Amino acid sequence: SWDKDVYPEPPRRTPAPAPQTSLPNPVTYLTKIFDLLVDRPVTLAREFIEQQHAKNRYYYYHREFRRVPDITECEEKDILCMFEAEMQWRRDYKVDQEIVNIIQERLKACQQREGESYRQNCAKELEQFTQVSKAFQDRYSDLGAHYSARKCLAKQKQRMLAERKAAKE
Amino acid sequence: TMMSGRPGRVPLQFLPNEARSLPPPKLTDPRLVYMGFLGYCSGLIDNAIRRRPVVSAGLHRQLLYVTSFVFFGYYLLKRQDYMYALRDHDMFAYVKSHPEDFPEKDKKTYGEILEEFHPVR
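In order, the protein sequences belong to chains d and g. FYI, in PDB author numbering the residues of the first sequence are 4 to 172. FYI, in PDB author numbering the residues of the second sequence are 2 to 122.
Calculated directly from the structure, the hints in this document are not laboratory data. Take these hints with a grain of salt, some might be off.
[Stated by the list, open to error] Pulled a few chain g residues facing chain d out of the computed Cβ check, cut under 10 Å: (1) 103; (2) 106; (3) 115; (4) 122.
[Claimed, not checked] Only pairs whose alpha carbons sit at most 30 Å apart, straight line, appear in this in silico DSSO-like list of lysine-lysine: (5) d:160 - d:97; (6) d:97 - d:171; (7) d:171 - d:80; (8) d:158 - g:109; (9) g:106 - d:160; (10) d:171 - d:160; (11) g:108 - d:160; (12) g:79 - g:27; (13) g:27 - d:80; (14) d:137 - d:97; (15) g:79 - d:158; (16) d:97 - d:80; (17) d:160 - g:27; (18) g:108 - d:168; (19) d:80 - d:58; (20) d:158 - d:137; (21) d:158 - d:80; (22) d:7 - d:168; (23) d:158 - g:97; (24) g:109 - d:171; (25) g:109 - d:97; (26) d:80 - g:79; (27) d:97 - d:58; (28) d:127 - d:137; (29) d:7 - d:58; (30) g:97 - g:79; (31) g:109 - d:168; (32) g:109 - d:80; (33) d:80 - g:97.
Where is the CB? At the ideal position from N, CA and C, for every residue including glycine.
Isolated chain d, as found in the complex:
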């Protein structure tokens, strides 16, 4: 259901069953018992419920907000423009928080899946999380509990002044 591009899953490499002993593997019998006593009734119930859902098929939509002029293109006391820009900035802040959440989910999934080789096999995920975390900390950090778009603008201006000072040295 979820876009596999957003949440990448490596191809599943499952070893084939190659028993060498002649003893009856209790795991196989237990799995068959489970599939007979739980899976079948659960699947039948899900089939019934999915039929009922398909009988009454309705839709819900993802609301899309158009881009609005930022706080940079906003007069000193233009309360209307400032309100629009502040709402857009808060929406962007929420979206960036969710982006960081997605990256963290990727990192956790990689850490669990790779088992004992997570340190070497999740370097790419660690790098992606480091990049996103540094970007987020540069943008949304130290603002405080009363953060506003004007405060990010001020922090960005301070950072750009520091960059200019470094470049001129």
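Following the hints, complete the assembly by docking chain g onto the known chain d.
The following block gives chain g in isolation, referenced to the frame of chain d:
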């Protein structure tokens, strides 16, 4: 004393004739309703003081309380609206006649203004 010395002000006049150019307060005004509520409370306290049934005794007296309070409140609100309109009119006229004292300021957007960022660590 501000409005006391305004030119053309007729002494001891509650409502000047120029006030009629303003819309009268609506009879459903919340302020007028509160004046009626004050009148009703006055009637209830009058009943309570004279030791008679507070909510039932003397309906005519409570009605008179409410009517008088609403009447005086309506005239009072009309005068108040007139005085505030006078204040706004005089302020606008003074601003218009003194452009130097109220000059338009350069409109610099936040992208241009440099406001210092104070971190919260």
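Checked hints:
Of the supplied interface hints, the one on residue 103 of chain g is violated, with its beta-carbon coming no nearer than about 15 Å to a beta-carbon of chain d, more than 10 Å. Because the closest C-beta pair between residue 106 of chain g and chain d is about 8 Å apart, less than 10 Å, the hint holds. Hint status for residue 115 of chain g: holds, given a least beta-carbon distance of 6 Å to chain d, under 10 Å. With a least beta-carbon distance of about 6 Å to chain d, the hint placing residue 122 of chain g at the interface is held under the 10 Å criterion.
Of the supplied pair hints, the one linking residue 160 of chain d and residue 97 of chain d holds, its CA atoms being roughly 22 Å apart against a limit of 30 Å. Under the criterion of a C-alpha separation no larger than 30 Å, the hint pairing residue 97 of chain d with residue 171 of chain d is inconsistent with the structure, at around 36 Å. At roughly 34 Å between alpha-carbon atoms, residue 171 of chain d and residue 80 of chain d are farther apart than 30 Å, so this suggested pair is violated. Under the criterion of a C-alpha separation no larger than 30 Å, the hint pairing residue 158 of chain d with residue 109 of chain g is consistent with the structure, at around 18 Å.
Restraint check for residue 106 of chain g and residue 160 of chain d: satisfied, since their Cα atoms lie roughly 23 Å apart, inside the 30 Å limit. Between residue 171 of chain d and residue 160 of chain d the alpha-carbon distance is near 16 Å, which keeps this suggested pair within the 30 Å criterion. Among the hinted pairs, residue 108 of chain g with residue 160 of chain d is consistent with the structure: their alpha-carbon atoms are about 19 Å apart, no more than 30 Å. With a C-alpha separation of about 10 Å, the suggested pairing of residue 79 of chain g with residue 27 of chain g holds against the 30 Å cut-off.
At most 30 Å may separate the alpha-carbon atoms for a hinted pair to count; residue 27 of chain g and residue 80 of chain d exceed this at roughly 34 Å. Between residue 137 of chain d and residue 97 of chain d the alpha-carbon distance is near 17 Å, which keeps this suggested pair within the 30 Å criterion. A hinted pair counts as satisfied when its Cα atoms are at most 30 Å apart, and residue 79 of chain g with residue 158 of chain d does not qualify at roughly 52 Å. With a C-alpha separation of about 26 Å, the suggested pair residue 97 of chain d and residue 80 of chain d falls inside the 30 Å cut-off, and the hint holds.
The suggested pairing of residue 160 of chain d with residue 27 of chain g is violated, with an alpha-carbon distance near 53 Å, which exceeds 30 Å. For a cut-off of 30 Å, the pair hint linking residue 108 of chain g to residue 168 of chain d stands: about 28 Å separates their Cα positions. A threshold of 30 Å between alpha carbons decides the hint, and for residue 80 of chain d with residue 58 of chain d the separation of about 55 Å lies outside it, so the pair is violated. With a C-alpha separation of about 15 Å, the suggested pair residue 158 of chain d and residue 137 of chain d falls inside the 30 Å cut-off, and the hint holds.
The suggested pairing of residue 158 of chain d with residue 80 of chain d holds, with an alpha-carbon distance near 20 Å, which does not exceed 30 Å. Distance restraint check for residue 7 of chain d and residue 168 of chain d: the Cα-Cα separation of roughly 44 Å exceeds the 30 Å cut-off, and the hinted pair is therefore not satisfied. The hinted pair formed by residue 158 of chain d and residue 97 of chain g fails the criterion: a straight-line CA distance of about 40 Å is larger than 30 Å. Under the criterion of a C-alpha separation no larger than 30 Å, the hint pairing residue 109 of chain g with residue 171 of chain d is consistent with the structure, at around 27 Å.
With a CA separation close to 29 Å, the supplied pair residue 109 of chain g and residue 97 of chain d stays within the 30 Å bound. For the proposed pair residue 80 of chain d and residue 79 of chain g, the alpha carbon gap of about 34 Å is over 30 Å, so the pair is violated. With a C-alpha separation of about 36 Å, the suggested pair residue 97 of chain d and residue 58 of chain d falls outside the 30 Å cut-off, and the hint is violated. For the given pair, residue 127 of chain d sits about 15 Å from residue 137 of chain d by alpha-carbon distance, which is consistent with the 30 Å threshold.
Taking the CA atoms of residue 7 of chain d and residue 58 of chain d, the gap is near 29 Å; set against the 30 Å cutoff, the hint holds. In summary, the hint linking residue 97 of chain g to residue 79 of chain g is supported, as the alpha carbons are separated by about 27 Å, within the 30 Å threshold. Annotation: proposed proximity of residue 109 of chain g to residue 168 of chain d holds, straight-line Cα distance about 24 Å (limit 30 Å). Using a Cα cut-off of 30 Å, the hinted pair residue 109 of chain g and residue 80 of chain d holds, with the two alpha carbons roughly 10 Å apart.
In summary, the hint linking residue 80 of chain d to residue 97 of chain g is supported, as the alpha carbons are separated by about 22 Å, within the 30 Å threshold.
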